[PDB]
Amino acid sequence: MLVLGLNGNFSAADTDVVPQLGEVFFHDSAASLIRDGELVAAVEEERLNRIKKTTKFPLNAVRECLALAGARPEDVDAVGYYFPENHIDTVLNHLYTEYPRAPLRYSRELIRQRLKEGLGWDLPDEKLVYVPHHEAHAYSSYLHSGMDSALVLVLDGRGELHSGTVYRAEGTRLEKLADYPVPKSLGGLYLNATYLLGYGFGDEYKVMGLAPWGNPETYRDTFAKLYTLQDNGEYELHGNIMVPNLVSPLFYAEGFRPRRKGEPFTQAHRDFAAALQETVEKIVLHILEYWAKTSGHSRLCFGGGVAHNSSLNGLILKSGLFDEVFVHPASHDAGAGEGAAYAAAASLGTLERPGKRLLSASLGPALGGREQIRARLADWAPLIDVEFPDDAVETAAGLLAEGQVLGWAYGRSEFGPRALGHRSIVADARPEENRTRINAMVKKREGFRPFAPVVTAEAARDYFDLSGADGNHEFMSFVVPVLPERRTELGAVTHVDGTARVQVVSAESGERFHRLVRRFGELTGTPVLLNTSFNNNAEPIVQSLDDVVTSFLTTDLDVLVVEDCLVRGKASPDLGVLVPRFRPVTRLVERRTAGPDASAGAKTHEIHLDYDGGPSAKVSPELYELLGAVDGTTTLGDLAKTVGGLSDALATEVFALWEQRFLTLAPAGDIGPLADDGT
Amino acid sequence: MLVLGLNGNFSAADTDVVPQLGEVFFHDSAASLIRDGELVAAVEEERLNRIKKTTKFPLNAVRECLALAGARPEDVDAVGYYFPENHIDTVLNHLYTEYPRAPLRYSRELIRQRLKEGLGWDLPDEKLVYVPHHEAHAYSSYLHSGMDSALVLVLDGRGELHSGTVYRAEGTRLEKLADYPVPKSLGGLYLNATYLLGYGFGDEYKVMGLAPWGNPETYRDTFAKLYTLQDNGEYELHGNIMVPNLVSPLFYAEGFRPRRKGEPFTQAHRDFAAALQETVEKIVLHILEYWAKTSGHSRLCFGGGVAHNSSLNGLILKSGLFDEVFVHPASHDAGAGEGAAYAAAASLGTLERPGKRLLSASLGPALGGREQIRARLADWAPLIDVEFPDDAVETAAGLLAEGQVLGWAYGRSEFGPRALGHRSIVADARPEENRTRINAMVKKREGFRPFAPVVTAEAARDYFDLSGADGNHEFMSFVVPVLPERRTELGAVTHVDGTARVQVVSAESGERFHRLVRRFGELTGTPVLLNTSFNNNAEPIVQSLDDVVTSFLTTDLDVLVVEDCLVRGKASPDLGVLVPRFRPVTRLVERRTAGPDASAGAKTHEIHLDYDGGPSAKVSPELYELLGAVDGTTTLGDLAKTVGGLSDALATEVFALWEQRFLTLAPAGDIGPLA
Ligand SMILES: COc1cc2cc(c1Cl)NC(=O)C[C@H](O)/C(C)=C/[C@H](C)[C@@H](O)CC(=O)[C@H](OC)/C=C/C=C(\C)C2
Ligand SMILES: COc1cc2cc(c1Cl)NC(=O)C[C@H](O)/C(C)=C/[C@H](C)[C@@H](O)CC(=O)[C@H](OC)/C=C/C=C(\C)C2
Ligand SMILES: NC(=O)OP(=O)(O)OC[C@H]1O[C@@H](n2cnc3c(N)ncnc32)[C@H](O)[C@@H]1O
Ligand SMILES: NC(=O)OP(=O)(O)OC[C@H]1O[C@@H](n2cnc3c(N)ncnc32)[C@H](O)[C@@H]1O
Ligand SMILES: [Fe+3]
Ligand SMILES: [Fe+3]
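Those protein sequences? They're chains A and B, same order as listed. Residue numbering for the first sequence follows this note's numbering, beginning at 11 and increasing consecutively. Residue numbering for the second sequence follows this note's numbering, beginning at 43 and increasing consecutively.
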């Protein structure tokens with residue numbers, strides 16, 4: 011029983027189903043493979059096409075999943091899609107009314123076309139199963155919990171008909187107890203509010219990071235006009251006929267004006283974030299109080315995108331409403347894609363479930379066999395120096411104890427947004443200045459936001475207040491208080507209100523990462539590291555060896571540890587050996603606008619990425635000429651000869667484009683097919 | 043007492059308030075000027091910036107209105123804006139949350155900035171009056187009716203709070219009787235359905251033109267699921283939570299697929315149009331049946347964008363519900379801008395109203411005086427031959443009787459969408475083949491589209507069934523039946539269902555055009571002409587003399603009659619003497635995407651117009667290089683030297699860009715300030 015789970019939209023690599031398809035139209039595309047009821051592989055398409063939360067069809071994700079399973083496409087018994095067919099097709103139909111030149115291709119025909127063209131797979135119609143959206147969520151959240159029954163709450167922006175759903179789960183049976191309609195969306199409320207902070211889709215976590223800096227009392231009575239808690243776990247959100255945003259009209263009427271790009275957060279902005287976070291907490295605890303009492307259940311699984319609000323999750327943990335709480339590492343739509351595979355297996359009879367509670371999110375493609383890794387790092391030699399220590403973990407622990415910030419890349423990439431010891435950046439958690447330091451190091455701007463700690467299972471209760479319910483901490487799903495007498499010791503990872511989003515690593519959840527944190531604890535007396543994701547501000551979490559080396563060379567980390575190899579950048583890295591390649595969305599443009607007296611105006615050159623929200627950058631006439639000659643095989647240095655050679659100015663210009671990922675820059679060739687490592 | 047009426051958004055000529063600001067965000071920007079209660083000038087900005095139904099701030103329209111009134115900015119006593127301040131600002135604020143780089147400039151600051159930078163006019167806060175949207179519509183529609191009491195119905199997509207409002211009007215006082223909420227919008231319903239036919243905003247009257255070719259039975263029971271008529275003049279529209287379109291989910295579930303652009307209109311599409319039109323007719327007549335008997339009014343004024351549904355209007359006319367019906371030539375938001383002037387005047391003193399019923403929409407800028415027109419036509423000499431007949435109307439009537447298709451441009455341009463004898467294309471109304479060809483060859487549009495007739499007031503009842511209420515036909519507001527015994531005679535202007543959107547012209551509504559139609563009737567026996575708007579498919583109604591001549595030369599017209607000059611295109615016209623100029627929205631781009639094996643793709647070159655819904659076109663590398671040198675003063679022939687001379691291929695390529703209006707091509711200089 012080999013079942014593929016699919017979520018996302020249907021766009022090709024280089025174009026979208028309609029031009030500039032909005033970033034929220036079926037996002038976080040991913041592919042998941044289950045076999046005999048176990049999740050054998052899962053990866054988000056964003057890791058492979060390098061577009062954060064991409065909506066594009068997850069063709070590469072499917073290819074990677076089939077290879078991790080040793081399967082041909084034709085081996086797949088069924089395909090589950092995370093929305094009902096009529097809903098996705100009606101939304102596509104609406105996009106087609108807005109773009110009358112777009113050919114009428116609905117979801118079943120598009121899925122069949124992408125798989126046939128992209129993999130030579132003729133998918134028979136009877137193998138494609140469409141699934142109710144919150145049902146897919148609930149299966150993913152509950153089947154990995156290891157509980158034999160639970161109350162299951164799903165909250166997100168919306169499924170086909172609901173913004174929230176409540177189930178009772180028993181064995182492999184879901185029974186729906188309640189639902190909440192689309193206009194009551196809490197994910198909708200949170201995203202509406204996020205826009206008022208100069209932020210957008212995918213920035214909700216930054217708003218949650220900002221909330222503890224604010225006073226929730228300032229706007230408490232304003233938000234109280236936008237919701238009413240009601241009897242029997244009900245609630246209302248009070249809409250308006252002015253604009254498609256629940257929040258902006260009332261706040262505008264009271265003089266609140268939205269933050270502009272590059273403007274610093276005012277006290278009003280911090281307070282707004284606080285009252286927003288308090289509002290959603292109050293509503294969800296209202297829901298859960300009613301359904302805990304009504305169902306009588308002591309266990310909760312919480313899924314949907316709203317369940318990535320780890321602040322909310324820590325409040326649920328401390329509420330005493332439940333004895334146990336489980337949250338999946340991918341509770342957003344990538345996890346609904348996984349859940350859609352289980353629902354498809356159930357639809358076709360044979361629903362087999364995982365034998366254990368999920369402990370490791372390490373489920374994507376690996377970096378490769380060590381012989382092809384060694385070989386590929388040699389291709390990077392003009393830019394890096396490599397050491398091959400005898401005990402890389404031991405060396406890494408000492409470097410960390412000496413105060414260096416490390417890139418840490420091992421094995422299979424994490425499913426879901428948190429890095430957990432496979433595509434991570436780690437450093438000493440004690441020094442508070444590591445916050446400003448490592449933020450500048452990776453060109454990010456979340457200094458207001460602390461980093462997440464990782465602690466050994468053994469030491470976990472020596473530093474963190476896990477009490478209340480028994481929650482799962484292998485994925486940083488919960489904010490917990492830092493013990494008051496350890497707060498000053500844990501300066502980099504403790505928030506302004508004394509809390510932290512802790513990963514508890516165990517020998518079972520991640521053996522190598524556990525050994526690393528334990529070893530550092532032996533060396534310093536503090537078995538706590540900070541653990542942030544391995545990516546700069548212009549990319550999702552790095553996936554391949556080439557991605558890892560690129561991100562290392564374009565950030566200011568001290569050392570990279572990748573599959574026992576110690577990597578450092580040469581004193582003068584030779585960019586000229588790198589072969590530039592366009593990404594499928596790269597566009598290179600010379601533009602003339604209108605000028606004064608109706609002349610042809612200013613003539614500028616730019617590079618940009620052709621997707622909704624994609625970045626763009628000005629380029630010099632010289633680099634424009636160089637990049638226009640990119641052929642995918644000639645090196646940057648050889649291409650630069652046509653404009654006089656790779657000057658220091660050009661190399662610096664190229665490097666800044668590299669940092670923003672406008673195009674691929676890597677040595678010639680590639681690492682080759684990922685090795686069958688026998689696991 | 044001089045009052046400016048304003049409507050539209052606040053964008054500059056070359057950018058929008060946010061990038062790619064949607065075409066429906068405060069559209070049909072216009073300016074109107076009233077003086078002592080009379081409308082002295084009105085023009086839509088689309089005529090001046092050449093962007094159909096533009097949302098850009100109507101800066102040119104204000105300047106032109108002041109010139110027509112002989113006024114300086116400082117003479118203006120007040121400025122009315124056609125929406126309440128809190129509503130437009132809340133929408134602006136929403137756009138600013140989606141575009142965090144946009145500075146927080148709201149409507150009051152934006153209006154004052156545009157008038158200061160654009161006209162040197164410092165507008166005091168106390169002179170800017172914001173007006174409820176349907177109130178503005180109602181003043182415009184009622185005060186021009188010549189009625190001293192009436193029921194006034196406003197139906198559009200939405201105002202600030204309502205999709206529909208019903209007023210009692212008596213003297214100069216409006217009293218609200220009823221309103222209908224935003225989700226009951228009939229304008230929204232019609233636009234939602236328009237999108238299923240491969241059309242967009244602005245195409246509603248094409249759907250209306252399609253409907254008589256369909257059978258409303260096919261989809262009658264489908265549309266019946268989308269609305270319910272209720273007691274005492276009420277109704278409901280039944281929404282959905284799947285997509286922001288009332289119509290498309292149900293019709294998708296029943297197997298109806300949206301038409302693609304550039305594909306035929308099938309019988310299912312025609313049937314869909316017919317059932318939509320019947321649906322809106324049923325709802326509006328339900329509303330009006332109730333409010334006619336309840337309010338006790340024998341006379342109706344109907345405004346809002348829905349009142350440009352001339353089929354609906356003709357049914358209202360035949361319903362027997364009213365004795366008289368009036369519809370303003372600009373019943374869409376440009377007319378709400380005019381109404382906002384009357385409201386602003388009412389808020390700062392007693393309201394002065396027009397003395398008489400409006401008979402003429404000839405209210406925009408004229409073409410110029412005789413001397414400057416003749417001199418400017420001399421600038422076009424390398425492209426045109428010009429004759430100066432003793433009696434140009436006599437001559438034009440003869441050319442029409444001989445089968446010629448004429449451009450006709452005289453005096454001040456029409457306010458509102460219909461051409462009425464000031465910026466018109468006219469032809470013999472008798473041969474059905476004229477409809478076939480003027481659709482296919484001249485306007486280049488769909489073969490199903492009707493053509494509208496103009497008839498003399500003296501002969502109107504010889505050809506059209508005007509029975510029922512007394513409606514005003516000076517602006518083609520009403521579809522009426524063509525008398526059965528005249529349908530064969532009027533082959534080009536009788537629609538498939540035997541009706542026509544008639545203009546009745548009189549010596550009082552348009553003396554010159556009436557003389558033309560009457561003389562044609564004396565020559566042929568038939569005092570009826572085909573009258574379509576003077577524009578190709580890439581442009582709004584032509585405004586200036588250069589606009590008129592450019593449009594004549596790029597559409598297949600036989601002859602142009604412009605202010606008594608007979609213009610024909612030269613045998614071999616010299617495009618090399620035209621001076622290319624960029625429009626403020628013209629853009630030129632050389633572009634590479636990705637190519638095979640992650641290479642840079644092959645370069646392509648394009649010209650496009652930078653606004654939401656703007657066209658684009660590929661251009662040769664040679665023309666790309668030529669257009670990059672455009673300076674606004676050098677001729678096309680001189681510019682082409684740098685690419686080795688204006689070859690035949692380059693002239694042909696340039697001509698096709700000119701026809702789509704990607705750039706301005708006109709002789710050196712301009713006509714000067716209009717005399
Ligand atoms: C212009 O056309 C629209 C616009 C909206 C709605 C719909 C349509 Cl057709 N109609 C739907 O049905 C939405 C659909 O199901 C969908 C994209 C679901 C994904 C998988 C959710 O994850 C997204 C969200 O929840 C999102 O916030 C992040 C809310 C977006 C609402 C909107 C973007 C408003
Ligand atoms: C994404 O942001 C939106 C979107 C919508 C609505 C609003 C907002 Cl903020 N909220 C409004 O209030 C609209 C406002 O009042 C307005 C533009 C009024 C003009 C003058 C009307 O003429 C337009 C129409 O009637 C139009 O179809 C032609 C309907 C468009 C509705 C929409 C395109 C849906
Ligand atoms: N079908 C569907 O809706 O997709 P989905 O399961 O992937 O959840 C996305 C939603 O979770 C919301 N969301 C994401 N992070 C959030 C956070 N930290 N707090 C609140 N809401 C959040 C986000 O704003 C968005 O509304
Ligand atoms: N504030 C506001 O809404 O502006 P507005 O007065 O300018 O009218 C626009 C509305 O008239 C509708 N509309 C335009 N032509 C129409 C037609 N022939 N039939 C029905 N609706 C029409 C159009 O679809 C749109 O919904
Ligand atoms: Fe979801
Ligand atoms: Fe209106």
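Calculated from the structure, these hints are not laboratory results. The beta carbon of each residue, even a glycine, is placed where N, CA and C say it ideally should be. A few of these clues could be false.
[To be verified] Simulated crosslink set (DSS-like; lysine-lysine; CA at most 27 Å straight-line):
id: 1; chain 1: A; residue 1: 628; chain 2: B; residue 2: 360
id: 2; chain 1: A; residue 1: 628; chain 2: B; residue 2: 267
id: 3; chain 1: B; residue 1: 645; chain 2: A; residue 2: 651
[As the list claims (entries may be wrong)] Covered stretches of chain B, as calculated for chain A (at least 3 residues, CB under 8 Å):
id: 4; region: 464-473
id: 5; region: 518-525
id: 6; region: 623-632
id: 7; region: 640-647
id: 8; region: 692-701
Tested hints:
About 63 Å separates the Cα atoms of residue 628 of chain A and residue 360 of chain B, which puts this hinted pair outside 27 Å; it is violated. Between the alpha carbons of residue 628 of chain A and residue 267 of chain B the distance comes to roughly 53 Å, so the proposed pair goes past 27 Å and is violated. The hinted pair formed by residue 645 of chain B and residue 651 of chain A meets the criterion: a straight-line CA distance of about 21 Å does not exceed 27 Å. Residues of the region 464-473 of chain B with a Cβ under 8 Å from some Cβ of chain A number 0, which does not satisfy the need for three, so the listed coverage is violated.
Interface restraint, the region 518-525 of chain B with chain A: violated (0 residues with C-beta to C-beta distance below 8 Å; minimum three). With a cut-off of 8 Å between beta carbons, the region 623-632 of chain B has 10 residues touching chain A; three or more are needed, and the interface restraint holds. Judged by the Cβ-Cβ criterion of 8 Å, the region 640-647 of chain B is covered by chain A as claimed, because 5 of its residues qualify and three suffice. Closer than 8 Å: that is the beta-carbon criterion, and the region 692-701 of chain B has 0 residues meeting it against chain A, so the requirement of 3 is violated.
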